[PDB]
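What follows is one chain in structure tokens, specifically the form deposited without the ligand.
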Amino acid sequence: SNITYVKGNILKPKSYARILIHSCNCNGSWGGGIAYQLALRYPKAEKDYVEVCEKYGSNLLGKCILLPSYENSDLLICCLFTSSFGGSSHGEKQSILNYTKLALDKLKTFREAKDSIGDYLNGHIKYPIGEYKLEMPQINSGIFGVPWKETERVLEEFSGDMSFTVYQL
């Protein structure tokens, strides 16, 4: 299994380069959950996220955008665009699952290329890309109501390609 589970806050500051993967809406709202915490401590990353939502809207579904944290060069933010709207206006379960697989497949290809998705990055990537650990919360399982085992089966389709550390409550 390519998933490592840990109990704790993914946002607790860590000693190592890491890409923080989280599930996003196209509406320019980091309005809740981990996205809200990201909005409050990395406000320049939010501005990038909102701008790309402004530019493309729901043309982003199934795509991925890599953002520097700006305030910590060891930390990149990876937005999986899986829903048009956030909160209780989120998209249907299967669409979120499918879009999650699609955005993660763009990130997989981007990682192999370097060993739209990287345009805000150029110059904030200090280390080689294969050295950023891939970390995420239990994406889609809270506000979107997407059962974790269904999302786990999606992350499992990348065994060999990619390894993830998943933070849980």
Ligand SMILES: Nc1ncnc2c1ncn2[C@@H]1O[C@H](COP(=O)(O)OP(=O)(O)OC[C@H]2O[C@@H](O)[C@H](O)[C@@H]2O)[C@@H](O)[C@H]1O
Given for the second form:
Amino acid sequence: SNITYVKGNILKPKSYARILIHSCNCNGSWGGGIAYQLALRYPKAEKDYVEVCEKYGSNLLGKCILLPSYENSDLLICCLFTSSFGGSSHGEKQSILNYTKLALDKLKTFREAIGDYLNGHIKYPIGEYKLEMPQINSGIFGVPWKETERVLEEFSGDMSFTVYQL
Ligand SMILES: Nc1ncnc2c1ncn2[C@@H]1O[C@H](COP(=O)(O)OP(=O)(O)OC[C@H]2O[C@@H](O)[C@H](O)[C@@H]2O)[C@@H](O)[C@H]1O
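Complement to the form deposited without the ligand: the form solved in complex with the ligand:
Zooming out: every chain and molecule, the one shown earlier first.
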């Protein structure tokens, strides 16, 4: 009910403000998949992500951080920390699903009021940003999308998501 599916590339530019949500490891590696593409296009955001990983490490599991893209004042990046390591070393799919839930709940709480890096680089009220994501967890982390979907649909009534399908 709160999910809208779009087929297309989430990184094609849009004219409206949005938060790009994606699933992250705590090892400072935007190393593959969508994270690699964000690293190529938003290197200052990658720097912030790496600094947060250096400061907190796997203590970040279940949290999210909102980062400026810096290249586009219409785009913020929301990192959901759902696994200690990336690539083949990722956590158990049950763990990733539960940290996704916990991280999205912190984002929900923030919008209703994570934002330390936004100070000075957020253009609009946080509620004005659309929440968009690829099919997170379903690639390098291997979690069947339908399981993450149930996590997304639990936030029905508080948050609406646009999910890009390639
Ligand atoms: N521009 C893109 N646009 C839309 N969808 C995309 C795009 N790039 C990838 N996708 C799709 O997004 C889904 C998830 O992408 P992954 O990168 O594999 O993310 P995830 O499964 O959640 O694993 C996260 C892990 O990999 C890295 O992204 C990250 O560093 C983390 O360690 C896959 O179906 C993938 O094909």
